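The structure appears right after this line, and notes come after that.
Removed: one protein chain of the complex. Kept in place: all other protein chains.
By written order: A, B, C and D. Residues from 1 in each chain.
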Amino acid sequence: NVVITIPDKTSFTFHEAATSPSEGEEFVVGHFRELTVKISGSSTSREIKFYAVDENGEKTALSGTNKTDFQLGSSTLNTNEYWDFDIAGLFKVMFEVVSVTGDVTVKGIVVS
Amino acid sequence: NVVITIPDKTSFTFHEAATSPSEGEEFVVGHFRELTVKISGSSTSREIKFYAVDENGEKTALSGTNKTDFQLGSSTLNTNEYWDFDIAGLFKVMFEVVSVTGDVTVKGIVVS
Amino acid sequence: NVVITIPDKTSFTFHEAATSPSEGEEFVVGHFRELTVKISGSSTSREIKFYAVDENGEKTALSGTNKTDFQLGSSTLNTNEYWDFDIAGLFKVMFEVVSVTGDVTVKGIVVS
Amino acid sequence: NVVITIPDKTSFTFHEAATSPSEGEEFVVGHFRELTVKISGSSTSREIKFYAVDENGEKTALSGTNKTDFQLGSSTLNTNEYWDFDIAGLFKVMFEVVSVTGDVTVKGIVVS
Partner (left out) sequence: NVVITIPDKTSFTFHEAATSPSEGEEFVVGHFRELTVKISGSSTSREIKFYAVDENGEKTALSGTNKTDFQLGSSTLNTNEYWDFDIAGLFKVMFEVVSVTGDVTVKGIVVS
């Protein structure tokens, strides 16, 4: 029995147009394996910190890979970036806006 | 229950025989995970820039891997090359012909 | 025949609030491929050693990847960390509390 | 609904007992993802060049990984070697015997 395999995917908004600091919305990983976050908006400065969160709400800095230059990091000071993360073994993920001047949007696509 | 698994694949033409600068056709990623782009044609010079595009049309430089030498890059000045990309968490991808003297074809095979 | 594929996942507690040295509970890998361990609690100091265990009970130091900084290691002196392991070819895994001052929890999520 | 997943595999002969230069047979990749080539025989010298080939017949040097030493390359002067390739995004692959003294066999196993 041969089957053609495709992943499940969904979208999630962590921040829809943050203009002040916030932890934003937390994604429950469920059955997904990978996350790509897009950082967008018209800010002139910002800092986003990337976090894994467990069932008790403890936050742990989470490294991912920048799709522009393959750099590794657990935060960014830039906008117009995609960051890839391996999330399969995590309960929840969170993308904190530490600081922003203007507006920053943080949205993800998750893949099983 | 044991199943033999195979990927879904399709072909996509970004540029059929570009002779002038163009963003070309955008590929909506859908359920796919990986893309291999072939840059072909007959040219003296050409420049192809690789982009991810979000739902608002923002373009982000996208790095891939050259199958000939495993070099990383988000653009190329060469023809007769395959470039591999991880696209699973992206909305769309675009391969811009910034310039061509002669003609350049840009075609992909996508894999789930 | 097209199928959407998702992994199996489960959770496992190696140590539910260790305050003295212990090997803790051993996880039978079964059909799983990957493990992510979270080291948590309010301990002021601890040492966790990571082990693969075979069917005869022989323990072998097992390296994994720290999700905060991508560092490799077979042990840690830190709390609030995730460690990723490729376990597909192992019979059992074990996370030994070698030492602790305070309480340390060791819990994993496994993925097929 | 839980399924046990296994790949499709097949074998392909690029060269059965080449004693003079030849492009040999081309493999149409179809639904396969990976290729491992064995270079065998009693030749005393040879040069094999590894190619991806598109729908127009353009040949592109294709790097793979030597399973003995993890070296990368797009050709070999050696015999008794396995080379692994990621082929999922390619139309065809070809292994050219550029030169040979004696007999060289080039056979692959492909995996979905």
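Criterion: contacts are C-beta pairs under 8 Å (C-beta built on N, C-alpha and C of every residue); 3 or more make two chains touch, one makes a residue touch a chain.
Engineer: Specify the residue from the set D:54, D:81 or D:96 that touches the hidden chain.
Structural biologist: The missing chain is touched by D:81.
Engineer: Kindly state which of the options C:2, C:28, C:77 or C:98 is in contact with the chain not pictured.
Structural biologist: Once the missing chain is taken into account, the touching residue is C:2.
Engineer: Which candidate, D:44, D:68 or D:101, sits in contact with the chain we can't see?
Structural biologist: Going through D:44, D:68 or D:101 one by one, D:68 is the residue touching the chain not shown.
Engineer: Please give every residue of chain D in contact with the chain that is not shown.
Structural biologist: Contact residues on chain D toward the absent chain are 1-7, 9, 34-36, 38, 40, 67-70, 80-82, 84, 108-111.
Engineer: Which positions on chain C touch the chain that was left off?
Structural biologist: Those residues of chain C that touch the unshown chain are 1-8, 31, 33, 52, 54, 56, 58, 60-63, 72, 74, 86, 88-91, 112.
The working rule: only the chains that are shown with their structure count from here on.
Engineer: Using mean C-alpha positions as chain centres, tell me how far chain B is from chain C in Å, no decimals.
Structural biologist: Their C-alpha centroids are separated by 39 Å.
Engineer: Need the CA-centroid distance for the pair chain B / chain D, whole Å please.
Structural biologist: So the centroids are 24 Å from each other.
Engineer: Could you check chain C for residues that touch two or more other chains and list them?
Structural biologist: Correct list: 2-3, 5.
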